[PDB]
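**Q** The lines below spell out each chain.
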Amino acid sequence: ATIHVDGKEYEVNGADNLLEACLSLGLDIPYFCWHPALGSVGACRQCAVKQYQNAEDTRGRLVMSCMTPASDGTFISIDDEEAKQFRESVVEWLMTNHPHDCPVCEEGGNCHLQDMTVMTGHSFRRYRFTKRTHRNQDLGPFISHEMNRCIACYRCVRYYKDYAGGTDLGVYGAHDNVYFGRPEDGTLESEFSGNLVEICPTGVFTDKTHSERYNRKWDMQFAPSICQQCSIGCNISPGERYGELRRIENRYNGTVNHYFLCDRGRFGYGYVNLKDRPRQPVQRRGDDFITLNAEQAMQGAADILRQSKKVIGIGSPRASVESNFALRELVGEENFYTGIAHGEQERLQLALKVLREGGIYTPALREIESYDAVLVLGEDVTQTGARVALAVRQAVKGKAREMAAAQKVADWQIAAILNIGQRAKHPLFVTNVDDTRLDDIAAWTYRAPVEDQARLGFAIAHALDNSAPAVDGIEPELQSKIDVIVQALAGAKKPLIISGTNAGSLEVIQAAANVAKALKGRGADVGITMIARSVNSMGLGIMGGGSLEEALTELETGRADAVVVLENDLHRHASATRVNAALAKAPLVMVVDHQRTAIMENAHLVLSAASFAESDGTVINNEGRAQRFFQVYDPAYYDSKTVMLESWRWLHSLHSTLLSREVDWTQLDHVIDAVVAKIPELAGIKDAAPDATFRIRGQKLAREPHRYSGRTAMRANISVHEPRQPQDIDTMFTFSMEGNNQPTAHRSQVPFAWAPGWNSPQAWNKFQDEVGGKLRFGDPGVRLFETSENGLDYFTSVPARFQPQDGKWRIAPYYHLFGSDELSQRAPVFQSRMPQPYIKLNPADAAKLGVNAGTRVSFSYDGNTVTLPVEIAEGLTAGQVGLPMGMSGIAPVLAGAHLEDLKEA
Amino acid sequence: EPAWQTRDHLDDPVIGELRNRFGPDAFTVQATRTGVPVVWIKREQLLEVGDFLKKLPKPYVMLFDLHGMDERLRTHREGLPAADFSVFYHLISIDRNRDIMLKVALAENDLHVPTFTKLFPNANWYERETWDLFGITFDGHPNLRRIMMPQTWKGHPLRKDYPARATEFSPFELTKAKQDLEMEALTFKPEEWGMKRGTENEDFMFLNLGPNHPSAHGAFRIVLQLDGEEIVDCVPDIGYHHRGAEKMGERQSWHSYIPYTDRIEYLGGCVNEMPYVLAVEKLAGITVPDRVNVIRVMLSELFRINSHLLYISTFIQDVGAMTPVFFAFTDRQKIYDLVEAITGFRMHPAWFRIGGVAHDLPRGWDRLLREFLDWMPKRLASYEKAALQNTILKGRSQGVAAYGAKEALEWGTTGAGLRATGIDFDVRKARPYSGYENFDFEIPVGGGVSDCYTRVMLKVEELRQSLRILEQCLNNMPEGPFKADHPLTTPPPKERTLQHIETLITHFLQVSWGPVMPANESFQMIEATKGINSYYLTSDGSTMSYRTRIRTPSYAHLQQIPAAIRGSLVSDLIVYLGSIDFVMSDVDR
Amino acid sequence: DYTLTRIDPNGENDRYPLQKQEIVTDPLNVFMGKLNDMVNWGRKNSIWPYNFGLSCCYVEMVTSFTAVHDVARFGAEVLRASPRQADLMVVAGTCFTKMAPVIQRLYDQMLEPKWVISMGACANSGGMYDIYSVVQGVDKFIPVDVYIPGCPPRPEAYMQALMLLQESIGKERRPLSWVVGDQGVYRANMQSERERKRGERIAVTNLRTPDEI
Ligand SMILES: CCCCCCCCCCC1=C(C)C(=O)C(OC)=C(OC)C1=O
Ligand SMILES: CCCCCCCCCCC1=C(C)C(=O)C(OC)=C(OC)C1=O
Ligand code: SF4
Ligand code: SF4
Ligand code: SF4
Ligand code: SF4
Ligand code: FES
Ligand SMILES: [Ca+2]
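As given, the protein sequences belong to chains G, C and B, one line each in that order. If you want the authors' numbering, it's the 1-based position in the first sequence plus 3. If you want the authors' numbering, it's the 1-based position in the second sequence plus 11. Residue numbers for the third sequence, in the authors' numbering: 2 to 29, 36 to 220.
Treat the hints as calculated values from the structure; they're not laboratory data. Watch out, some of these pointers could steer you wrong.
Some chain G residues near chain C, calculated using beta-carbon distances under 10 angstroms [claimed, not checked]: (1) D104; (2) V121; (3) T123; (4) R698.
Where a beta carbon is used, it is the ideal one built from N, C-alpha and C, also for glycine.
Please work from the sequences and hints to get the whole structure.
**A** In structure tokens form, the structure reads like this:
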């Protein structure tokens with residue numbers, strides 16, 4: 004479409020309103036209530052522009068650009084006198100009751116309201132009367148509430164209810180006494196409530212975790228990184244100050260995680276700032292714990308490694324691609340073992356084979372919001388891959404979107420779309436061991452053991468395509484529900500099947516693959532999505548290796564007298580007693596880790612590795628996208644005795660000292676090129692980010708804003724002589740503001756969003772080709788594999804029906820967004836959010852055992868008689884015990900296992 | 012219609028003459044807030060355009076400025092030719108009282124411009140500076156070497172990819188090898204300058220006058236080739252006082268750059284502050300009220316009297332009489348008492364703001380102004396009758412280092428020298444800024460010869476006229492605001508900031524991120540204490556300056572130095588150095 | 002509570018300053040101590056500054072030289088233009104990169120005894136000019152006795168630093184003769200002025216309002 008802004012002709016998209024069309028062209032219109040993801044509601048009345056219908060028109064009409072379509076032949080004026088005075092008056096009306104709170108506000112310097120007050124040019128106060136006040140609510144450990152700063156723009160409630168699907172946030176009150184919050188005090192139990200601190204243009208909802216150790220946005224040193232708390236791989240902007248990770252901001256990736264994170268990835272970063280982390284190489288001599296620098300650690304480690312007959316390496320899915328590859332190239336191809344168990348590795352390799360060999364296109368996370376009918380098999384998505392559950396909610400509301408689009412209603416008229424699509428929504432069928440958080444929008448929820456979920460998946464695949472193997476023994480009511488699912492999936496245009504390795508069963512993934520194959524055989528645009536466990540599970544599966552049990556028996560039989568463990572606690576994937584015995588029997592345990600794990604008591608040498616905030620690397624997410632994360636800060640700038648290096652740097656220098664007796668600190672691009680040379684399946688990680696020689700017109704990319712303060716005083720307590728800024732030889736970024744962060748720079752890795760006049764997270768508008776669309780000059784990260792020309796065959800191994808055996812109890816996994824991650828649970832702020840360890844029981848099984856809700860029963864697994872209190876679960880099937888995976892003492896490897904001697908004690 | 016509006020400047024007759032000479036498809040006209048016609052011309056026609064401007068009926072006889080600009084990072088270049096670098100030539104015609112700014116666009120690989128030294132002899136140091144800081148080569152230049160940086164310097168500092176801060180590079184480690192290498196670099200090599208270090212009868216004497224000399228007014232060195240006592244040739248070596256203030260202008264916000272403007276000419280103070288804040292107000296679109304103009308005129312005339320007192324005492328000291336410097340610095344202490352009362356600081360006040368001044372006048376400033384105005388004229392008459400009417404001082408001064416109007420125009424000489432050549436060109440009258448039209452004062456001119464004595468007596472008359480201006484402004488000071496009511500006035504008034512939320516928001520975003528001045532080019536030229544000081548500010552639409560070009564008169568005077576003292580004795584050079592009114596922060600910036 | 006410095010330009014030490022400093026005790036004799044006190048008094052009550060200036064701080068220093076301040080009362084006005092005749096180098100101005108060899112040469116050309124006063128934020132640390140062409144403090148390569156914060160420090164602050172230098176000289180130990188005795192330079196580890204004045208600085212309650220004069 005063609006519009007005329009201030010006499011200048013512009014070519015815009017006619018399906019967009021005037022606000023996003025003009026913001027895409029670089030025209031600054033003030034706005035509060037409009038968001039690119041939420042839609043247009045016309046509340047704040049800030050986006051006023053003067054519209055003319057003809058080229059020869061003098062009077063015009065003040066309209067809302069967010070509510071006015073960008074049709075062909077509209078002549079709008081933004082900087083007309085009447086429009087500017089009205090926008091200034093709207094800012095003034097918002098300023099009548101706003102508190103004098105900017106110095107004591109966490110949103111100061113990051114405030115959209117401040118930016119829009121300055122942009123309209125209102126700086127004189129003529130209001131002389133009183134300002135209304137509000138009491139504040141306790142919203143939990145994550146979100147701090149300050150209701151006086153609200154401008155009643157309704158972004159919070161629109162996001163929290165119409166987007167995130169939350170139920171405990173709302174609008175209350177009246178004429179000018181509007182309150183935004185909960186009906187009482189309590190924690191916001193939505194898994195995406197952390198996005199309120201960036202959705203809210205004011206300082207009402209603030210990051211309490213950042214408010215504990217608060218610094219302003221200009222004082223933050225930012226980097227582009229990837230969230231390491233699960234497999235989705237959302238792009239984040241970690242920002243630090245004074246040597247500690249202060250905040251995790253959302254980093255816009257129009258392909259993956261555009262505007263929203265989950266609460267685990269936004270508030271689970273506190274393990275980086277733990278004081279028990281290793282900061283030097285520490286060597287154990289008997290009972291003494293001596294501290295070495297890097298060179299003596301390398302020389303001693305290489306001496307003992309040369310004095311051994313075989314060295315094995317146990318990687319981890321928590322480590323990056325480069326560190327696992329450096330371990331593999333240090334110990335050899337045959338001596339490298341993945342740190343996961345045999346069953347976890349089998350499920351992971353099956354999921355990878357389905358993804359890159361099944362012939363079915365695995366969608367990106369933004370593309371999940373366009374699929375019609377969603378079938379989740381086995382996965383508890385909202386607790387393991389929560390952002391995928393958010394995109395599933397969007398795909399479910401796609402039915403109301405298409406129904407309103409059938410009535411010539413614009414895409415951005417979100418209120419009219421929700422009015423037309425009252426409760427009609429796209430079909431969602433979730434299967435789990437219990438009730439999920441998607442059950443409010445699910446067309447059906449199947450509460451059954453994983454064998455029965457797999458059998459239901461195989462029955463769906465057989466009913467969709469008769470060539471699929473049949474399962475006999477299905478009840479007629481279950482058959483009716485199955486044919487309902489089949490009629491919903493067959494009538495869909497873009498069906499989506501979501502499974503994963505967290506269900507603890509191979510047949511669930513096989514059934515999901517068979518359903519996807521049957522949907523593809525009918526000529527449908529089927530997509531499949533596997534949810535892995537850790538951040539780099541897919542990279543570890545692609546690189547491959549032996550299981551943890553093979554490494555454990557290699558250490559136990561004595562063939563391996565030297566074990567190098569890379570960022571693994573080894574109690575998460577195997578029993579603690581067997582691991583402890585194997586590591587105590589081995590005469591050399593050398594652990595490269597950045598968190599104080601339990602196997603460091605037996606470790607003969609500990610290498611203080613760097614976490615994601617202090618290391619560069621590559622991670623492969625659940626859809627096979629190689630994403631590069633960059634270092635945020637140098638740990639040794641403030642604390643001079645800190646010897647903390649990248650794990651791939653540790654292992655590369657260790658291998659160099661092993662071979663040539665010389666210590667060699669490599670570069671990130673050298674290790675990347677080594678991965679591309681040795682592993683052809685990981686060849687796409689070279690193009691994930693450009694190398695360290697990349698420049699924007701000769702200068703590097705700045706990690707901190709141009710108004711970074713305290714340079715000559717932040718280190719003056721140590722020494723009055725300011726040292727050189729740390730040099731980044733690994734990446735194209737610099738640990739200084741002497742660099743480039745323009746919105747029009749030809750790059751894909753943006754550390755943070757700032758524009759002149761745009762200090763809020765609304766500054767991401769300047770960094771996109773169109774607002775709410777893709778990032779300018781493409782999104783970061785590339786896909787490792789394409790969709791294959793041919794697919795797999797039908798998995799004929801249909802499992803038998805789950806029969807509850809007497810005495811033995813099948814362990815049903817219960818994943819928690821706060822608690823089931825290895826590193827997020829070490830954050831001190833997650834202690835007040837993690838649920839108490841409760842074993843879930845059927846009413847019938849608890850009545851048989853004589854247990855009621857609340858009391859404690861004891862169960863023994865591998866000689867560990869541990870006692871948990873009982874919570875009654877109605878939806879759990881009989882014969883199973885519900886256990887929380889990832890908690891203290893309950894490994895995720897316990898899923899699907901047996902449980903003997905379950906007695907009340 | 013306000014004077015800060017973006018004017019296309021197609022009504023200037025010079026534009027019409029250029030159209031009728033070179034055709035209508037030979038150049039582009041850039042609409043700026045400089046108040047000067049900006050003409051983007053091709054590199055091939057640069058010398059022809061310069062010759063045409065030099066051969067006009069009322070010609071552009073002076074090269075005011077010549078410098079480069081890195082346009083690789085400039086996002087808003089609508090209506091401009093495509094360029095990775097550019098070179099601008101600011102020229103003045105005194106007869107028309109007009110300026111022009113010619114801009115030449117250069118690609119990143121083809122960074123060569125024809126030399127401008129044949130048309131204007133003062134282009135030599137400007138082209139050396141542009142090569143040193145931007146890497147732009149000038150074809151046909153006689154001796155293109157580094158003038159601000161030492162010869163063993165890698166990279167060009169004013170390029171956008173060069174790091175601005177010392178903390179980016181390694182800390183300064185002075186070793187024996189580095190000391191020897193930099194001492195060999197600092198050693199004068201007469202074969203490079205074609206000095207011809209010998210004669211059949213006798214040998215020439217190569218003497219370093221400076222950095223450590225009482226006659227040198229800073230850290231710079233003149234290398235003198237001598238026979239006996241006579242000067243054969245001089246090489247004034249500058250760059251020893253380089254603080255990187257333009258690169259610092261690219262590094263600070265618009266508000267936070269004001270103290271750095273204060274230290275450009277450290278005897279000037281508010282006189283250094285005025286052109287920068289006026290150019291920023293042109294960028295913002297701020298028209299300050301009458302009280303702001305009168306207060307700024309007050310402080311700049313006070314600091315002009317301070318600088319002239321120091322200059323006269325310094326000249327008398329270098330002639331040989333060591334007494335009047337004590338009394339002149341006592342008068343400087345009286346002015347410092349008033350300035351400490353008003354601004355709170357002695358010598359670098361940093362008191363001017365965008366849209367006004369930092370505070371209002373304190374209660375009782377007129378008492379100290381009356382005290383100084385009563386104390387001054389008797390002391391000045393005593394200085395005159397004791398030292399300035401001394402026949403030994405006249406013998407050391409009159410006829411020493413004399414030049415006419417042609418040498419003053421071809422070397423860009425401004426201030427008291429240009430008026431001492433008889434050319435009545437003062438910025439406060441020709442292009443009146445800050446409401447100088449409301450003050451009755453005279454402009455002293457010379458008889459046609461710019462002696463040391465003539466320049467000193469002209470500065471005495473300028474001091475007397477500044478006393479007259481101070482008396483007029485003391486007797487008539489308006490009762491209004493000390494800050495403008497514009498939203499971009501940085502910072503806003505303090506009490507409204509302390510008790511209103513709109514003012515608090517504006518203050519919060521103006522002192523932290525900086526005021527957002529929209530993308531435009533601005534220029535302000537003022538009459539400094541030592542000549543003409545100009546600020547040329549290119550804004551990219553951000554909160555920091557994209558380009559800050561500072562033109563200073565002491566640069567032109569020090570470049571004029573070899574052409575006016577060649578063939579004289581060293582004593583004439585000492586009197587010439589004492590009678591130029593230069594500081595070296597002014598030169599090297 | 003003393004620090005001992007021995008210098009050796011010809012020894013194996015590449016980085017400036019070419020000296021070695023340790024922490025020792027006071028070596029101080037019924038008449039040698041009194042004669043050392045007398046020569047310390049004579050040195051502290053007659054300090055001849057070097058006529059070396061870099062920037063605006065030197066302008067305030069020569070403002071201190073004039074009649075309205077009269078630093079001649081302390082006997083510190085003679086202002087020799089030669090490094091050999093000077094006893095005190097006041098680095099009053101920015102330590103530029105191109106002039107750091109010049110400053111090092113002029114410091115080498117002074118003679119024993121020598122003292123260094125850095126005047127202003129540029130001489131102390133580089134000040135406001137964290138720029139490519141400025142040495143971040145003259146104490147990177149010369150030993151500095153007294154530091155003066157300010158930009159510029161007012162002339163009375165320069166005389167205050169001169170009095171601090173006199174107090175430092177009046178209790179230091181130096182070789183009396185170059186043929187007999189130890190040649191190392193003993194300087195006192197005095198209490199800093201910040202902790203000395205913290206008692207009277209914290210107790211400040213009210214000041215005059217800025218609207219007055
Ligand atoms: C000791 C008796 C009073 C001396 C007063 C000197 C006043 C200033 C003299 C001029 C001057 C200035 C400004 C100056 O900046 C300078 O360079 C460092 C000089 O050389 C040492 C000067 O001579
Ligand atoms: C052993 C005897 C030592 C005598 C030292 C005399 C030092 C000079 C004092 C007089 C003086 C002279 C000659 C002098 O040259 C001078 O410089 C202008 C002075 O003012 C700063 C003086 O006060
Ligand atoms: S929400 Fe924004 S405008 Fe309101 S007090 Fe906080 S920083 Fe100031
Ligand atoms: S709390 Fe924030 S997001 Fe919600 S209406 Fe108020 S200003 Fe808008
Ligand atoms: S969904 Fe996973 S990758 Fe994304 S923010 Fe949450 S924990 Fe991090
Ligand atoms: S500290 Fe200030 S007054 Fe002293 S030399 Fe530096 S800029 Fe000049
Ligand atoms: S943005 Fe249009 S009314 Fe709020
Ligand atoms: Ca690194």
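**Q** For each hint, tell me whether it holds in the structure or not.
**A** Structure-based check of each hint:
1. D104: 8 angstroms, holds
2. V121: At 5 angstroms from the nearest chain C Cβ, G/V121 passes the 10 angstroms test, so the hint holds.
3. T123: Hint on G/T123: holds, closest Cβ of chain C at ~9 angstroms, below 10 angstroms.
4. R698: Holds: closest Cβ of chain C sits about 7 angstroms from G/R698, inside 10 angstroms.
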